[PDB]
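*Asks:* Here is what each chain is made of, one letter per residue.
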Amino acid sequence: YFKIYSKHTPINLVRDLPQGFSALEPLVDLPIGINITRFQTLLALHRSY
Amino acid sequence: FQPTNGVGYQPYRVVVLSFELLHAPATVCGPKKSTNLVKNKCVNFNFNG
Ligand SMILES: *[C@@H]1O[C@H](CO)[C@@H](O)[C@H](O)[C@H]1NC(C)=O
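Quick note, the sequences are listed as chains U and E, same order. Quick note: to get the UniProt record's numbering, add 199 to the position in the first sequence (first position is 1). Quick note: to get the UniProt record's numbering, add 496 to the position in the second sequence (first position is 1).
Since no wrong hints were added, every one of them can be taken at face value.
The following label-pair restraints were derived from C-beta to C-beta distances: (1) U:200 with E:505: 43 to 53 angstroms; (2) E:521 with U:204: 15 to 25 angstroms; (3) E:545 with U:227: 11 to 21 angstroms; (4) E:529 with U:246: 54 to 64 angstroms; (5) U:240 with E:509: 42 to 52 angstroms; (6) U:233 with E:504: 40 to 50 angstroms.
In silico negatives: residues of chain E with every beta carbon more than 12 angstroms from chain U: (7) 499; (8) 500; (9) 501; (10) 505; (11) 506; (12) 531; (13) 534; (14) 536; (15) 538.
A short list of chain E residues far from chain U (calculated; beta carbon distances all over 12 angstroms): (16) 502; (17) 528; (18) 532; (19) 533; (20) 537; (21) 542; (22) 543.
Calculated directly from the structure, the hints in this document are not laboratory data. Cβ atoms here follow ideal geometry from the backbone N, Cα and C, with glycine treated the same way.
Okay, chain U solo, but in the shape it has when bound:
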């Protein structure tokens, strides 16, 4: 089972991620059967004129 947690909290800072206690609630329990050993995050670029 692949567990995913999430807790969206508003903040206002540039860098130096602030301090504070957070409680991430469970989101999904996808029943998969793969051997996860490596991951890679994805982002979005900006194409314009």
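Use these hints to put chain E with the ligand onto chain U, whose structure you have.
*Replies:* Chain E with the ligand alone, transformed into the frame defined by chain U:
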């Protein structure tokens, strides 16, 4: 084959189900019955867990 022929010439919609289990978490399960929720009485309860 024609509509009127022998016994060994009639169509047969054959579906061969194959129940197979792997190391992955099982998802294809069966229905679970539900009784009536009796309150204010010394009875037994059988929830999910
Ligand atoms: C890792 O791979 C093996 C290969 O058979 C499998 O049996 C096992 O369930 C896998 N483990 C996880 C956590 O996916």
